[PDB]
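Residue-level listing of the chains:
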Amino acid sequence: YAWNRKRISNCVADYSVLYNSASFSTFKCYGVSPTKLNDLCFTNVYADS
Amino acid sequence: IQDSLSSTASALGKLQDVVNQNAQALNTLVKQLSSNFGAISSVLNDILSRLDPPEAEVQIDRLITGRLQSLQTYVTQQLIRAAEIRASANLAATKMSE
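Residue numbers (PDB author numbering), protein chains in the order written: chain B, 351 to 399; chain C, 934 to 1031.
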């Protein structure tokens, strides 16, 4: 009910590590395939926890 | 006649209309490339560089269907216009001969 939103910008993100980390039980991506994340550039990334 | 042609600008409206119609049809056909048609994006490279195979076939297919429809409409319009222009050209040939 009070989800915390974190801002991410001005950095390089190596999503390969996150995808390969087996600790993540559920890893679903809708607008983009998880594998392709390493060769894209975004205006900014929002993280909600 | 020389003075009228040199002064008035609307004399050749018959030819100007043909030129404008063709240019406008081409402009519409080109602009049609910028429509999503329901896909996530209207850029094939962006679709391919974001989604993966099996997926992204839906997006490519939506774009294909939309663009194919646009091309078919353009070609049908061109065929009808060509028929009209051929009628005019046959009339002009008859006028020349007679």
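FYI, nobody ran anything at the bench for these hints, they're computed from the structure. Mixed in with the good hints there might be a few duds.
[Unchecked claim] Stretch by stretch, here's where chain C covers chain B in the computed footprint (C-beta under 8 Å, at least three residues):
id	segment
1	354-361
2	364-371
[Said to hold, decoys possible] So these bits of chain C aren't anywhere near chain B, every CB distance computed over 12 Å:
id	residue
3	944
4	981
5	982
6	984
7	1016
[What the hints assert, rightly or not] Estimated spans, in silico, between C-beta atoms of each pair:
id	chain 1	residue 1	chain 2	residue 2	range
8	B	357	C	1013	52 to 62 Å
9	B	378	C	1002	44 to 54 Å
10	B	361	C	955	48 to 58 Å
11	B	378	C	961	35 to 45 Å
12	C	1008	B	379	33 to 43 Å
13	C	976	B	376	40 to 50 Å
By construction, the Cβ of each residue, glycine as well, lies at the ideal position given by its N, Cα and C atoms.
Hints and how they fare:
1. 354-361: violated (count 0)
2. 364-371: Coverage by chain C is violated here, the residue count being 0 at a Cβ distance below 8 Å.
3. 944: Consistent with the label, residue 944 of chain C stays out of reach of chain B, its closest Cβ about 55 Å off (over 12 Å).
4. 981: Per Cβ check, residue 981 of chain C is inside 12 Å of chain B; nearest 9 Å; violated.
5. 982: With a cut-off of 12 Å, residue 982 of chain C comes too close to chain B, as the shortest Cβ separation is near 7 Å.
6. 984: violated, 5 Å
7. 1016: holds, 47 Å
8. B/357 with C/1013: 52 to 62 Å: holds, 57 Å
9. B/378 with C/1002: 44 to 54 Å: Violated: the Cβ-Cβ distance is about 33 Å, outside 44 to 54 Å.
10. B/361 with C/955: 48 to 58 Å: holds, 52 Å
11. B/378 with C/961: 35 to 45 Å: holds, 40 Å
12. C/1008 with B/379: 33 to 43 Å: Since residue 1008 of chain C and residue 379 of chain B have Cβ atoms about 40 Å apart, the given range 33 to 43 Å holds.
13. C/976 with B/376: 40 to 50 Å: violated, 30 Å
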